[PDB]
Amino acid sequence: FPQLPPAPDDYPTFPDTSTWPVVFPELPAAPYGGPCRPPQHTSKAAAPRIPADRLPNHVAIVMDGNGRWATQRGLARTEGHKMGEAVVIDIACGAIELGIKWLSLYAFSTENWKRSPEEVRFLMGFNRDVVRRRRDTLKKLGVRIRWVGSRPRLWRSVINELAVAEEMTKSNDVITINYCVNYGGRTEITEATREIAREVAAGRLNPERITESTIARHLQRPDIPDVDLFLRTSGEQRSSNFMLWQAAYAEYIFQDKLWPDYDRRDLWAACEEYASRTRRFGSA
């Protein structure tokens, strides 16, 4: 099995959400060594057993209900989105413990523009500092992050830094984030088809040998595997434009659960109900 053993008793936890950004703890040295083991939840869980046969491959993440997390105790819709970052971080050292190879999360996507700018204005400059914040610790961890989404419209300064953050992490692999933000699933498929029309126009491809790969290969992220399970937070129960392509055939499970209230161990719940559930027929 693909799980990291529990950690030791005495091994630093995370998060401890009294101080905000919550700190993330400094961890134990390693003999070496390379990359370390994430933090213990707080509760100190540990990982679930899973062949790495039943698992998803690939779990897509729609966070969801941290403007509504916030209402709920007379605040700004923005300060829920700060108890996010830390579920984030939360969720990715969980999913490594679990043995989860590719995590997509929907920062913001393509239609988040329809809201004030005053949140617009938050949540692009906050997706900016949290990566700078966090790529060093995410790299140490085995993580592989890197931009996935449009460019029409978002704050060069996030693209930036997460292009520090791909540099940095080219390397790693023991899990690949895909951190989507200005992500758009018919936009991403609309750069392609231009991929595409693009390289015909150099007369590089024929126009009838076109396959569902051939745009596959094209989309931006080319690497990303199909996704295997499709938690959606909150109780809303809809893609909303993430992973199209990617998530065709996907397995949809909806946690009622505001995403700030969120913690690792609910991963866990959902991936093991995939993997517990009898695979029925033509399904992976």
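Just so we're on the same page, rigid core means the largest C-alpha set that superposes within 1.5 Å between forms. Numbering follows the first chain given and starts at 1. Compared with the form deposited in another entry:
- Core-based superposition between these two forms shows that, of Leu27, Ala30, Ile253, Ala216, only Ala30 has its Cα displaced by 2 Å or more.
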Given for the second form:
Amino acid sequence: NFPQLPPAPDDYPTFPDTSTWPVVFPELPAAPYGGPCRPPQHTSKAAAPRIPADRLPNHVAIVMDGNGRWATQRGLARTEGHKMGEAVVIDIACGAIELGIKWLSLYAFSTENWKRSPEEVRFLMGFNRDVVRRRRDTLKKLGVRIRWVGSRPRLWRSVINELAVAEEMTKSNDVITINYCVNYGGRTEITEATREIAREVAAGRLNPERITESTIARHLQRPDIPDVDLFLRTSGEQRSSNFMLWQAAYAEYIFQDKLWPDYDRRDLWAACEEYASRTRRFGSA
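Could I have the structure of this protein in the form deposited in another entry, to go alongside the form deposited in one PDB entry above?
Chain only, nothing else included.
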């Protein structure tokens, strides 16, 4: 089975049109049955590679790295790189749908980022709020289920609430799930699962001796997230930087040199073709 969408007609809408910022997402033909719309094709009009379902990653995690560097190299303010990265998120979501990926986790704001200047942090909080607000209806139309993954302390209420609205609006979608990870840290996530387990123990609802690896997994914030199959990071940095820490224990790493504002869905597809050539054993044989 090859779960790629059939190639788009030559005149099907494309994405992204970078002649404006924010980028205007194209109107799409209404879906016949009334379900999700077919995503716009890339402006190159490349088509997704034919990868069989048993060699496709179910869950791709991406550390979207290189935005500030991209801007500084051009003599632009670092925030201009983040701005350009918004369209890349949407392009990669479209390409993931075209390829057949069912889960996509995006590292939008790390807990490490509180070390940045408070001005850049304020920009990044407001920008993530704005991206979700600006793109939630497009994501809904594409069949995306999106929700927040992350930690509460210090995170703006407006960001949590904007994502909660998007989650409620897309809860029944099932083309692809996006974990939009904001104020996320893998050790912190595990710690919060351990706290919840501890609360249940204190209340007499859980015997400590019954705790297993599955107990931890069931007490993570979003226990429906599957293991990460393919872990991507741009800009040449070869670190997972605490992203999807529990979930990516057996992930394949494919570290790519392009900066995130230069990335497009063809780069995602190339990493997925490389993944498909690999053999995963999970400690067996």
